[PDB]
Every structure is written in structure tokens, then in C-alpha cells.
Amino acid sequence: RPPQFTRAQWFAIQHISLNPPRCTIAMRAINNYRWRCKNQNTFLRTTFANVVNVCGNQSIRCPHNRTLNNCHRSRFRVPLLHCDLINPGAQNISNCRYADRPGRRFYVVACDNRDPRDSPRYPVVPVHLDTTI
């Protein structure tokens, strides 16, 4: 992750966007901070506060990280836009082209205590998007 962002800040940039433009455009807000294009990314059309509150849901096993049990599943399905890189051989980020796949699914996030640089408003924050169901 870019070092200037805490895990929660980077989670928000990658995964929270209420009205993202088409993927090829939306993904630039993420890839501009990287050396290479992301092969896949899901934007949950929600708010940071909302995800923080899902962190309050019962602790369950992370579907994509089965030795971890600090995951939390949303109670409701939420609108989202998934973006899949169409040209994975791209060497620069200005060439990244993405396919759009809108959907409405439950999401599962891993949450942990906040980084010292994070706001004190949220002592517990989402640190990675595990999967969507």
C-alpha cells in the first residue's frame, strides 16, 4: 500500500465510492498511487461510517483468509461496481482498461484497531475488503 495512507485510508480509496464513474475512469483514483494497474477492484457504494459500523457486526471467519476471524459481514446487500482489468499486460497505469460489473451483494470486511494517523473518531476501522457474496 502507498505509505502515506493508513490501512483504513487506503481501504476507503479503493473500496468506498457512492457514485463511481465507469471503471476505466474510476480506477485512476487508485492506480495513480501505484506503479502498476490493479487486476481487480470492487467499489462498495456506501460511506466510511457505514463500513465502520459493519465492523460492529458479529466476528466471523474471513472467507478468503481462513486463519482469520476478525471479519464482519454486512446485514444487507449493498450496490457496488466491480472493475476487472482487461489488459493485465499493461506496463504503465495510463494504459489500464477495465470492464464494469455492477451488482448488489453482501460484503465482508476485516477490521482492526486504528493506525495512530487515523482519526480518533473511529477506534476500530475496516482494513481490507475480504470478499463480496
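Throughout, rigid core stands for the largest set of C-alpha atoms superposing within 1.5 Å between the two forms. Residue numbers count along the first chain shown, from 1. What changes on going to the form deposited in another entry:
The residue that stands out in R104, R36, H64, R75 is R36, the single one whose Cα moves by 2 angstroms or more between these two forms on a rigid core fit.
For comparison with the form deposited in one PDB entry, kindly provide the form deposited in another entry.
Partners and other molecules have been left off, which leaves just the chain.
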């Protein structure tokens, strides 16, 4: 996570976009902050407030990150854009290209207490997109 952002803000940068450009473009926003291009990434076509509400759902074991049990599954499916790296052959991150996979899925997020810099309007915030179902 870039220090410029709280965990919730970085979550939103990586995973919330109401109307993302195609993945090869959308992924630049994330990969600029990285050593190497991200292998895969999902953008949920929803709002931050909608995801905060999912933090209020039943807490579950995080499917990917199974040392954690601060995960929460959405009650409903949301439209999304999945991005898959097609050229892991490195050189520079500006050269990374992605396959586009639009879809509609439930999502599972890890939620934590907010950063002091996050709005007091959300005591608990999403901090990681664990997986989609």
C-alpha cells in the first residue's frame, strides 16, 4: 500500500470503479505503485458505501487469506470487471496488457477498524478484496 492512502482508500483505488476503462488502461492506476505488474485484479462496479455495508454482514473465514476471519460476503451480486495479465514478460509496467472479463459476482471483503484519517462515518471499512464468488 502506498503511504499516501489509508487501507480503505487503497482498497477503493484497486477495487471500486463505477465505470472503469478497459483493463490495460485501468490497471495503470495500480501498477504505477508497483515494482511489477499485478497478475490479476477485480474492479467492483459499486460504491464505497455499498461495500462498507457488507462489512456489517456475518464475519467469516477469509477464503484466500485463511489466517484471517474478518471477512464478509456480499448479500447480492454486483457487476464487475476482472483483469488478467496477458504478458508477464516484465520489461516496464507501462507495457503490461490485460485481458478483460466483465462479470457479475458476490464478493468477499476483509474489514477492519478505520484509519483516523478515514471518515468517522464508517467505523469499519473494507481493507482487502479477498475473492469473488
